[PDB]
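Just the one chain here, the form deposited without this ligand, laid out as structure tokens.
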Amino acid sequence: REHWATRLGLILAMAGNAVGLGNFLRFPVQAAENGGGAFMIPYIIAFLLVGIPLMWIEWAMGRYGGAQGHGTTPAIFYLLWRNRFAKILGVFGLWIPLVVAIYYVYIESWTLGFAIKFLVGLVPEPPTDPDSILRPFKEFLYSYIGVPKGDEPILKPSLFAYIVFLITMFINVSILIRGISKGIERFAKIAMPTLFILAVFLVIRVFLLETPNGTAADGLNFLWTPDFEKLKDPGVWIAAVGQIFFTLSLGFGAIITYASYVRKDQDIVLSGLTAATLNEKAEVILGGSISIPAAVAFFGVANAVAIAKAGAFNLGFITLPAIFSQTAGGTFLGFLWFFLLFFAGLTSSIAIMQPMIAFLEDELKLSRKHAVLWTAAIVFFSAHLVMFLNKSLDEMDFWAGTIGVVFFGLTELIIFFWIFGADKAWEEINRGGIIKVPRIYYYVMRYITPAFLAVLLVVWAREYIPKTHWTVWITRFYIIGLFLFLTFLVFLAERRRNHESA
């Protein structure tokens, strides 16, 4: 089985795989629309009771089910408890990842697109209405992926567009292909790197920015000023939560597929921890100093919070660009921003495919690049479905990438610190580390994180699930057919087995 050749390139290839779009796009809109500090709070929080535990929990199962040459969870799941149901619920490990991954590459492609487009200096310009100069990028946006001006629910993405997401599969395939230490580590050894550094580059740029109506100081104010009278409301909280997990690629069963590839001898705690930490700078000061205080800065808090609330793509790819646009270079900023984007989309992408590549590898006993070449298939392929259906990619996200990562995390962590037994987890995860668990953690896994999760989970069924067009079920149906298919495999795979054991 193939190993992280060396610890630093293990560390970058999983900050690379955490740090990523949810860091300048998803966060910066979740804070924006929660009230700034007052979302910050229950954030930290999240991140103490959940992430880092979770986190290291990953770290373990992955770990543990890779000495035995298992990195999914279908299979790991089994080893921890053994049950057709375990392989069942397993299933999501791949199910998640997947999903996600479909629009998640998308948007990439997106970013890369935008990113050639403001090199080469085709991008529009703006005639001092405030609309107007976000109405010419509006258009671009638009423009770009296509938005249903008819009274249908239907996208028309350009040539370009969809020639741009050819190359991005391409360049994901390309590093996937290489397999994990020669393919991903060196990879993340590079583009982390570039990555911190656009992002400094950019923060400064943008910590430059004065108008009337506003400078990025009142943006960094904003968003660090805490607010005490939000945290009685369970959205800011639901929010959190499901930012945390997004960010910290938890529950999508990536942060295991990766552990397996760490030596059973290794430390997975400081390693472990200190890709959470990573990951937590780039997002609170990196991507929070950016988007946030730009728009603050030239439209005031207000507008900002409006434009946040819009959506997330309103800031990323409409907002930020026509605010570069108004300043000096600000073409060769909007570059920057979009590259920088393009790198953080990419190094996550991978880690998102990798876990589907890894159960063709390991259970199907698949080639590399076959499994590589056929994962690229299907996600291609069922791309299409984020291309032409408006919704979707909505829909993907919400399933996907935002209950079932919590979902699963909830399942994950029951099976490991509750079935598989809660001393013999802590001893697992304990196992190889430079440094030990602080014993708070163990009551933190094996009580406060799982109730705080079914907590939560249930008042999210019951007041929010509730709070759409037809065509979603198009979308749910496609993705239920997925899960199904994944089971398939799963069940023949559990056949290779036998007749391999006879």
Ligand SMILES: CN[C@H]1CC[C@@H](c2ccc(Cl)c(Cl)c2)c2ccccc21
Given for the second form:
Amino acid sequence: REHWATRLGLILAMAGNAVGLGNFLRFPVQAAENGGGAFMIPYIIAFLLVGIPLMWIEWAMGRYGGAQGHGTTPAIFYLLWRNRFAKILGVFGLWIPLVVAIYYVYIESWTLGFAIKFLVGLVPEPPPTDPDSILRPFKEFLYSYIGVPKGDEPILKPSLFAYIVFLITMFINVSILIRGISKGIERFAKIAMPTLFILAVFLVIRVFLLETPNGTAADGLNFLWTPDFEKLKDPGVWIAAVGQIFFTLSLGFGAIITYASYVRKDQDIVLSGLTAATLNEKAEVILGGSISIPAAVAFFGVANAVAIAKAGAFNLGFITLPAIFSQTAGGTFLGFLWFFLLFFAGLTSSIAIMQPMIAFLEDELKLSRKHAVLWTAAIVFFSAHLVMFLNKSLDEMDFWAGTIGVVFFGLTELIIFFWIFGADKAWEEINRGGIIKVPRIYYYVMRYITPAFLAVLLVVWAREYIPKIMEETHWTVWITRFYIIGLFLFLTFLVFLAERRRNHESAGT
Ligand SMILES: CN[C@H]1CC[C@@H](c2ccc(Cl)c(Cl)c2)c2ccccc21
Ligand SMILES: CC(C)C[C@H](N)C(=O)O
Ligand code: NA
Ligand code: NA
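Now that we've seen the form deposited without this ligand, could you pull up the form solved in complex with this ligand?
Starting with the chain above, the whole complex follows.
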């Protein structure tokens, strides 16, 4: 089996798994939509009660599986629980990251396309005061790039440049993945993560220097870091906070598991898992939190920045921020640095959610790395045409896989590992080879608090929030549902073929 070459390489690869578009795009919107500082209390609590324990659990499951030559959940769930239903539940650890990759790589491709155009100065020119007259050219720039519907039909028409850039983006992901774990993912992480850190710090400093008649960057930080204790009774803020915690730490995606399956049997995962998690949070709350929100608040004020965040998932990062930057000397180049930052952040993450499918094909169907990588990319590339051409297909995939899917799968993986496999066996497995030990209290958090926390969340989620969606959406949602259900059945069939290939080999050997 492939293994991580160095300790630092492992940490940076895992940090690259976690530190992505979620830190710089998702977090600021989620925080601003939910009261800034009011979002942060449930966010911190979710990190301590969910983020941390599940990170350790997933590293542990991965290392355990990898020792026996298995990096993905269909096999790993079965090793922990010898039941046919374990294999089927394990399919979600291939389905979730695959579906997520299908739109995530597309969003990542926009950041590359924007980086190129901003570098070359092929950007909108606003008039040389009126906020609408500045923002509109940038809105139109994004809308023409992805091809937002101009009529009634839910049809997207991406520009030719956007389509070619998606192809280049797929190629770049392949070029890293094809070289493998140590010489591909690990080697790239060692270059990408320092670059990402430096670019982000530079942007934080530049943003901190922003002052207008409407406010300062400090007003943005005060908005994000001032608690509101009245919002603690609102379940929506809690649901948002936990959803971000899962997304940002790559939990419930089978991705941490697969990466950890290349950690050697003896090698620590307690300190390594905690460091990767802590590096992500710093990149999220300190770096991601200090760019978009403070800049928007400085130029528009709090109320207008909140409205901007509520307008959509991509307004703040793809429209508002570059528009703000264009009002400063060298602002176009600053836009480039922002989008290059986003691209490297996305790239280190997208390779992480393509690796589970790669590992499955290698581990279970015995494909070569080359064939496993090329077939995974072919599936992601083909499937992304749905996200590229059908309006709100991205939304539907992100709802089922990237939102509901991960929380369900987090609860599922915990029950299988910490309840069925055995709490004391799981606790032993986590701590084995640890440089530091997991604090004793976390045994009771993992066994009782975390599963109860997630179960209550999922019940309130399903009853008081999601029936409003399943009924009040456009009929075209069924196209995406139909296709991603098909992918699940496709992956179930491959799991079937893998266990039949095992029987043929077990009969021969
Ligand atoms: C629950 N889904 C929401 C919030 C997350 C948000 C989202 C999802 C994935 C990513 Cl990568 C980002 Cl940056 C942001 C989004 C995007 C488009 C449509 C809907 C949504
Ligand atoms: C799907 C995951 C790889 C996402 C990543 N953790 C991010 O924050 O962008
Ligand atoms: Na990343
Ligand atoms: Na993240």
